[PDB]
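This is the structure, below, for whatever I ask next.
Left out: one protein chain. Kept in place: all the others.
Chain nomenclature is as follows: A, B and C, assigned in order of appearance, with residue numbering initiated at 1 for each chain independently.
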Amino acid sequence: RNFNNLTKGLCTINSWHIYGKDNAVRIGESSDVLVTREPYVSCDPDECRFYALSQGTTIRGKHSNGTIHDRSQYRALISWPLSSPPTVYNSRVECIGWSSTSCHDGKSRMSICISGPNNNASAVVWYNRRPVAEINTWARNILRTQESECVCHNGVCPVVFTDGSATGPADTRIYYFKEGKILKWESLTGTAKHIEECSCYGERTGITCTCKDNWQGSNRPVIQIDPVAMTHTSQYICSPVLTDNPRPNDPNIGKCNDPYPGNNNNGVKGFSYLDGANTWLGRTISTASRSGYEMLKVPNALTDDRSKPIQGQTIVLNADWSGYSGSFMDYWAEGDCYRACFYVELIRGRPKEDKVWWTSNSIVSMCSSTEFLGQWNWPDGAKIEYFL
Amino acid sequence: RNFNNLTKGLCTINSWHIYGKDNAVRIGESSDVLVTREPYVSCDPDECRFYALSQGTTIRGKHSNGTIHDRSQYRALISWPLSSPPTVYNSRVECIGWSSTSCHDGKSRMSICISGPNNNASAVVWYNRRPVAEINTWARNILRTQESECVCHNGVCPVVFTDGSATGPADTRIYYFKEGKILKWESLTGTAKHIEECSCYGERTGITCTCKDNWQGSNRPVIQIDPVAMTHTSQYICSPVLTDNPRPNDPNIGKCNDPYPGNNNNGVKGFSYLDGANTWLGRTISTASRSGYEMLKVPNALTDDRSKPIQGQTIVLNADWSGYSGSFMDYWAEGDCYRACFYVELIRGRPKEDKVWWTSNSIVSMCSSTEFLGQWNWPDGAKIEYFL
Amino acid sequence: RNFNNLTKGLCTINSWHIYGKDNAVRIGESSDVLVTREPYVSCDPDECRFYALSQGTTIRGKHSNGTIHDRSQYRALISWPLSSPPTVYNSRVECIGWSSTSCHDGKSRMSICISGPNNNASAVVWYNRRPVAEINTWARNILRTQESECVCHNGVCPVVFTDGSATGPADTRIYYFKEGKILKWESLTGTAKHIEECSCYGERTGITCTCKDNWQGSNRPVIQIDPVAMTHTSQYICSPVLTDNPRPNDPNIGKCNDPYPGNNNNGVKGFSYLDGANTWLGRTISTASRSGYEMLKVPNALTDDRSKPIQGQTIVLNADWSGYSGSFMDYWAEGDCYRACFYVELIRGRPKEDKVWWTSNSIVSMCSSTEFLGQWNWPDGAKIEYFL
Partner (left out) sequence: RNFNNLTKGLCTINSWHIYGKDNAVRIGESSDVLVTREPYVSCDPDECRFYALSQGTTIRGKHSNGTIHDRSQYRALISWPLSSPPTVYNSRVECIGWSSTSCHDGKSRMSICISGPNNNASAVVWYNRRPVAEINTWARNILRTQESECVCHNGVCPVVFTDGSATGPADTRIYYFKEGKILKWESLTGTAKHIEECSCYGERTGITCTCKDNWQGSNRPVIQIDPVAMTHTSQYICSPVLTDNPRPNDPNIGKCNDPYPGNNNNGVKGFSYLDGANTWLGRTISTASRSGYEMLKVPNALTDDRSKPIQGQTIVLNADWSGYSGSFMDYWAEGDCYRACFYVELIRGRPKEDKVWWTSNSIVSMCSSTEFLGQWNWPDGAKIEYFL
């Protein structure tokens, strides 16, 4: 086995095809399905799996009461087979904590979980299912990380962390791991003014992370990482097609080096694929809440502050709840290009559906096609009334 | 590992022995058993498995309400160990969709799932558990496929698709895949006037598919495929032993090149083994509904429009519900011949049993014996009253 | 991998130690545990497993109603990990039927299941998880077999079958299989007058089977099989220590070549280890019913019609229900001798406990020790009242 190298460009994205969907909430109405949130997808060289943070209880279990809560001692990063739901009997625990990232380097998988109280949190880095390194909070204010997969190149797997305020300047760091060991870390540089929950992907040009500015900006900050030199830059997506939520309406001039104003102290984890004329952006349909999801083809969105959509695809209808969204790719697939993929978290329960006392989600996932495929919409599909 | 080649003839069929039965509905009265329909069986070189389209809910789950529905976003092709029931915890998702086929080529398995709305459906072709190719609807009217296993020869796995009307002329295509890639496709040729849900098997003479004419014919259309030349022909089973359902009574002259008339706009997926004097046909016992199942030995049924049965075997009593039936064989078994096998879908629930609000099924499966074995009958075995 | 050869003698049996116990009925009060009966244990070269005939329903399931029934289309031979209970999610189906045997030859496992109606039953022989040969009923009266493991030598695995009356002369055959193929079969010879449900084990002296005479004898018939010559002889255990159930009291002279009289048309499957001064016999404690179980050291029981016990061990108290018992050994263990093992079926429910409507069992298993270990008793442990 060799470390994987990012040697391919992205496949041309002409549409998106269904890749995975677990229907977890539907099935969990009558099955031992774990309550989760903050899910993602990540591939090994021989298998792709669903990942999420469990709440240490099933949905029908009485302990599901109060699972809107973000950070308890009963959370853990679990993984489970593609498109199966996260059950008590099929879920593998990667590590314990309430914020996570995970990626395979071609030889073995690194998983990182953060746990602790707000002022004394710590990250534990697992490599090949063993704890290897630990990192203590540096700002003493909810040390936290990506909530989607990291990406590796020749053994080096960069990870973005934030520690500090969610509503002001915070201390963001980029760590560079190899076999779970810390090679190097650096403070965030560039023009991004606030960084949360980076969604990343890799290709020959390097590693690209699309994140969340929770403080002031409804445009998304971007961090571009060189995994060989172990350095990075940051800015925003220049495009006036704004992709955070909640957000103002799309203007005609975006902002490259500062937050686009209108909504403060809120946001959602999201993603984009930034690739010249092959650029696609994901966003919720609603500008007010985490509902609906669509992909928009926006040529040169990263660099062009006038850029608008020329093609699109609805993923989830606005009538249906969405949530976090993030990127991943099967870096070990056949062919000459990397096929862009993403997942959307379909949040059910609180705060939007408060007739139940829990909060959970299911997953839908798509990958790009070079065909121009017909589109459908993909709801969670559970009826809240059944849980009453 | 090498691609499998169709080098053997069929074993002599003197009777049928029990091969597999999951008792899914009985067990699912009190277990987390997924609601399914459209099941089949398919073998890998080291394992044979049950396949079906899940409805993304268990039977006892409240979301089982309304599972008579054919095409939702909550369906997926699942596979599970032979004769076990399809449970939440033991079922592996092959792909997402509401119509499917799957087959192993000796090296890896290809699975195809179709999804989307009626006018914008698309097929995704998976090979070795990764998406490889995609096909958009060409007639914009429920792009759909076999609902039983395909067959491969030297890496080439032909698959039959239909897109268009179910009650008139439709656009049927034969696709030829290798490692999930499209080598070639061709429009349906020959004398078959309507094609649905082909059940196929392979032997040295080529690949034989017995399908369903839903439009006008109660005799079954046959497609014979050369997987080397990648061409095919079509006709009907000439025999007056009619095998669709519903159907007229058996006349004394069948039809080779046109539908036998009497029942329009209906039918059931079925199968046959067409092999000269070793020919056996499957059919429901009832001519009015999907109840009972029997095998009939009808020499030269394919070519002889006067041919009648000389031997038979009851599989399911007429008092018991049946459903879809299809062919498969263990192409990797020991010996000098391929042992013909089939499954019968035992549909429980709606529309025939409407005291419950769900629709599901169990599976029974048989293979041929060169002995003349005693016969039994194989009901689903669940009591509807228990679910009330 | 090589075929296993019976090259060792039995280890000296000075006592019995606990080997396995699944507590299936206790656990199945609140878990998806399959209803079973007729269990056994059998080893592969890398694993030992529990085996039993499922009833195609869980205990709490409403379909457990009526599981006193012996032969339905919903039964199957299942196997599952040692000391785990037989659950819906962990049980592997070996074949479909209501009477069975199974054994590994060192290369692969042969499993045989019989199914059908009383007058038209058939056996299907599976080898390496594929059906290989089939045998039709020869007496048309419940073709049936061992209900415990067979034994192999150099690829040859003898199996005892009976077809015909249970209350009169029947047609017993000894079949000799290799890789699932029939090498030879022969009619029962010797002085045993009726044969049911043989429990067998192998050692350098050959294969020894202790069976059940259901017709007239409360002593047990013995069949001794030469697996190289593929021949056998039969007689009874000469000892006046009688081991069937129900049975008369122990006299002072047993019978070597005819049934010991007193109880007609009844009996239980049981076993013995017949090895000169190392002979141990198993029996129920009660002479009237399937309750309790004890092992008795009876030197030369096979040949000495005056032989009495000189040592013993209680396995299950007379206050507790027992049932079938049979032999197995780990033929692939380290050392210079084969360690004698056995299981006892602990039957719960009907007909003895008719407040519930089901019939099932758990398993307890022991192996011999060269130490003189303290003894305990091993009840099923479930409280019937909980199921009410």
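Here is the rule we go by: a residue touches a chain if its C-beta (ideal position, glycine included) is under 8 Å from a C-beta of that chain, and two chains touch if they have at least 3 such contacts.
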Q: Please identify which of the visible chains the hidden chain touches across the whole complex.
A: A, C
Q) Taking the entire complex into account, which one of B:89, B:175 or B:273 touches the absent chain? A) B:89
Q: Just name the one of A:27, A:124 or A:157 that touches the chain not displayed here.
A: A:124
Q | Positions on chain C where the hidden chain makes contact | A | 17-21, 23, 26-27, 29-33, 47-48, 81-85, 87, 89-90, 330, 333-334, 339, 367, 369, 371-379, 381-383, 386
(Q) Which parts of chain A face the unshown chain closely enough to count as touching? (A) 32, 34, 56-58, 60-63, 72-74, 76, 88-89, 91-93, 95-97, 113, 115-117, 119-122, 124, 129-132, 134-137, 179
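Here is the rule we go by: only the chains that are shown with their structure count from here on.
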Q) Can the chain contact pattern be summarised as a line, a ring, a star, a complete graph, or none of these (other)? A) line
Q: Please compute the C-alpha centroid of chain B, do the same for chain C, then give the distance between them in whole Å.
A: 40
Q. Considering chain C alone, which of its residues make contact with at least two other chains?
A. 89
